[PDB]
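Student: Okay, here's what each chain looks like letter by letter:
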Amino acid sequence: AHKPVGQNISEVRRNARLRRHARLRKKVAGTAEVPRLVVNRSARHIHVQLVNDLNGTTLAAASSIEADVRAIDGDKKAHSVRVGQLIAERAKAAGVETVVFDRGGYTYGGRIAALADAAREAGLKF
Amino acid sequence: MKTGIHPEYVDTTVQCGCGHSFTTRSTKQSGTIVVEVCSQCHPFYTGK
Amino acid sequence: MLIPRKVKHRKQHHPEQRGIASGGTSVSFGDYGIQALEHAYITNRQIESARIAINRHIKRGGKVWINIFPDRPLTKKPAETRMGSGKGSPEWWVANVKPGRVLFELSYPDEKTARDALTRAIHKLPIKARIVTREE
Amino acid sequence: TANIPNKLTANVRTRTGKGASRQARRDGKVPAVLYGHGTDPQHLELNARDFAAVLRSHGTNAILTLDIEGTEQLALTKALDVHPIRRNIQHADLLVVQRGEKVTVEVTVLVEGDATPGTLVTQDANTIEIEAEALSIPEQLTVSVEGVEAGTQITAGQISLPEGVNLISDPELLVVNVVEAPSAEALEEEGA
Amino acid sequence: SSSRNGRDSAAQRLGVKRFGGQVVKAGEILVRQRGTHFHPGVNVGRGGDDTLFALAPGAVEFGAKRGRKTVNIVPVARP
RNA sequence: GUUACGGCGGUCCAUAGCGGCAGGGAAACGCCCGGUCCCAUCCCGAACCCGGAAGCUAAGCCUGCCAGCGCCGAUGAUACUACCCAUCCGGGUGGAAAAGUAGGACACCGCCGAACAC
RNA sequence: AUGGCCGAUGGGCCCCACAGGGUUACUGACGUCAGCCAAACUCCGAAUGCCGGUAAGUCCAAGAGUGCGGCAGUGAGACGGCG
Numbered sequence: 002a003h004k005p006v007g008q009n010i011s012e013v014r015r016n017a018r019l020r021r022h023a024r025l026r027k028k029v030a031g032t033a034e035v036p037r038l039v040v041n042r043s044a045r046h047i048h049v050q051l052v053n054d055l056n057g058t059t060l061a062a063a064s065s066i067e068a069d070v071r072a073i074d075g076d077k078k079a080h081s082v083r084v085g086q087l088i089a090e091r092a093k094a095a096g097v098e099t100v101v102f103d104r105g106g107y108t109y110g111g112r113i114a115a116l117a118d119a120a121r122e123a124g125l126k127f
Numbered sequence: 001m002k003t004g005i006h007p008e009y010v011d012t013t014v015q016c017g018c019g020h021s022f023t024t025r026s027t028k029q030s031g032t033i034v035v036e037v038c039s040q041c042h043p044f045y046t047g048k
Numbered sequence: 001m002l003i004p005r006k007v008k009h010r011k012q013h014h015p016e017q018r019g020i021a022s023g024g025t026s027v028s029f030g031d032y033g034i035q036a037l038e039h040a041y042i043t044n045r046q047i048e049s050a051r052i053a054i055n056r057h058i059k060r061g062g063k064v065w066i067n068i069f070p071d072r073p074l075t076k077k078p079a080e081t082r083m084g085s086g087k088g089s090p091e092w093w094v095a096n097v098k099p100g101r102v103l104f105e106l107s108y109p110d111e112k113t114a115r116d117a118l119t120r121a122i123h124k125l126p127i128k129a130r131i132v133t134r135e136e
Numbered sequence: 004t005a006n007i008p009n010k011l012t013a014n015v016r017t018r019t020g021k022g023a024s025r026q027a028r029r030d031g032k033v034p035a036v037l038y039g040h041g042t043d044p045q046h047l048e049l050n051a052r053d054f055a056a057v058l059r060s061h062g063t064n065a066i067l068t069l070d071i072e073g074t075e076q077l078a079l080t081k082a083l084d085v086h087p088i089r090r091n092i093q094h095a096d097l098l099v100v101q102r103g104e105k106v107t108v109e110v111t112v113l114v115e116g117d118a119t120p121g122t123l124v125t126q127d128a129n130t131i132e133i134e135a136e137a138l139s140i141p142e143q144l145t146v147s148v149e150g151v152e153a154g155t156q157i158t159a160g161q162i163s164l165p166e167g168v169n170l171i172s173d174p175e176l177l178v179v180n181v182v183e184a185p186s187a188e189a190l191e192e193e194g195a
Numbered sequence: 008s009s010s011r012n013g014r015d016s017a018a019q020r021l022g023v024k025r026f027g028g029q030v031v032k033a034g035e036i037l038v039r040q041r042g043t044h045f046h047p048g049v050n051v052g053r054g055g056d057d058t059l060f061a062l063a064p065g066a067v068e069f070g071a072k073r074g075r076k077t078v079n080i081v082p083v084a085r086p
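Chains as they are written, first to last, in PDB author numbering: chain P, 2 to 127; chain g, 1 to 48; chain N, 1 to 136; chain W, 4 to 195; chain X, 8 to 86.
Don't take each hint at face value.
Dumping the calculated DSSO-like pairs for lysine-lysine here, alpha-carbon to alpha-carbon at most 27 Å [what the hints assert, rightly or not]: (1) P:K77 x P:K93; (2) X:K32 x P:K4; (3) X:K32 x P:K126; (4) W:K32 x W:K21; (5) W:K32 x W:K81; (6) N:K6 x N:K87; (7) P:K28 x X:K76; (8) W:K32 x W:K10; (9) N:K87 x N:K76; (10) P:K78 x g:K2; (11) W:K105 x W:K81; (12) P:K126 x P:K27; (13) P:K28 x X:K32; (14) N:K128 x N:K63; (15) N:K63 x N:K124; (16) N:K76 x N:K8; (17) X:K72 x P:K27; (18) W:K81 x W:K10.
It is worth saying that the hints were derived from the structure and are not from the lab.
Make the full structure from the sequences, and use the hints.
Tutor: This is how it looks when you write it as structure tokens:
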């Protein structure tokens, strides 16, 4: 019989990210012409979606789950760059050229940093 | 680990009067620290 | 002589006398009680004169409960004064009583003495009242 | 304790509202409603005199067998509405119960006996909670206080109950408190 | 014997100036309030003194979100 | 199309919460190993950042069951009330609470993505 | 803010030290059971009233509304019904 006493670090980190993602979400919103680019980051992968918050539907998505990104010989930042290109091409195929960036509550730097500019250079004006 | 705000951490060795030797780090600038009574030396740790 | 130790506001509008009592209409502590039947401000002294009257008749045994507490103040302007120049200083403390309210409750072994004792208390109250017991 | 249901005749209500209910009272009938596990609210008018008679004899928690337009339904008096001054019965809530059903209700408590001469007996709680079969409900409970001395607390758990009866309320309730009789010195102190 | 009270301010004429179901142009003031009793919604902007106004023409519509009173504007349809 | 799976969102935002019991780790979500590199501590690689996959469902998360604490909550009656009738009492037509009772409830829905079937 | 239950806390007492322990018609917080009160209390919350939309009604007229212009008077009110 083990009764944990304190908060586990995993849930403290999980709750804190949710708390500091809402305060980001006060000003950032998406639209059918300017979809919000939501970023989710994990220790093994990364995920992006184009969300149209008027009706809460996703336009396009990309992630490090796809084996194409997995087969990249590089680093996590190199996988992130490959993801950034992928979402961009899927964005243009859906008819969007300008987005807003929802960094998702993570500090903008490192893997996210590689994600944003890789899509920025690919033609996603934001 | 902030660059300059911290005292310089010196690798040192503990030598005691009983011949016991310990390896650690410390602040002692000499880099070697001596001691007269240690845990082995201390009667309380030996039940004495 | 019951007065509140402190009150947030010392000068207040007169408590209104409309309606009938919604809470405290049934005897809860004792076996007999006095139930009001008309609206009137039962002041601070009338409670004291009535409570003393009960104790004198029941003598030693028994316990008396006073469900009414006079915490609502009333003011009067100083005598021989024209109207105006502000509100008068608070004078006496009253507790607003509506019909159905149970004021006193008395517990005593025998019924006959208890009913007589509560009857004396009624004569010290401005309202027409009746004595009510505990059962249905 | 198995009791026989009391028979009453009830008829449905054509119009409901404060206009109709007031007139119904003026006619000597008390409006009522009937709901239960069957999930079927029915509006009935009982005769005031016979309803009063049933309650006076069988207590407030009376088991009834209503006759609603020729149909016999077993019902229990859930609650009443007594006007504070007139002491009428303005409205009654009736709950249908099947035989052998566990129902939670409140019964009264009476203190019977003769306390020691230097003792004042105070009843803190009038009614206690009880779970029992619909027909096994006791009309009232008894507590005996004879030869009890000093400050002795008769709590709810100490009461003896008929078979098949459970004490839903916690035993910590202090139904009866016995203390030393106040003296004239003590009476003329409290309240000042 | 005198009164030390008797001072009062002007009445500020707060309240809800535009009620639900009314057609409002751009910039019309919807509610005049002191705190954020009413919170801005869609096409409703907050003024300096928490006065609410409209950024787009349409019909007012009061609503709630996350337990907060909100004021919105529905884009009435062009004929 | 299926799943005890990941996300992003909704509802006039607890009927959705709290707690107890049992249960899961395929991809995932995680904890976890380390401080060379971007980056960081009003001291601390704890947090944030970055590099990984040795170990684990014990936590987070998720699934199922509990009416235990909270939450919602009728019909009827009553309080109150607009209008009207009425010589001071009161009454009619319409509206109709709060509390309590019966009960409800251990959430519902939308868009992508996974492992797998096809 | 009434009456109970538990009892810190303090008063007081037995050991007696002023340290450490229990004792009491006492002081009895905190908590809890039962019954209540408030213009400057609100977990709740009507009826009327008000803002707007729509369909009608009166429509040989209420002699209605809105804008502009000429001419004024009024700016000492009273009682009755409701808050």
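Student: What are the numbers of the hints the structure violates, in ascending order?
Tutor: 2, 3
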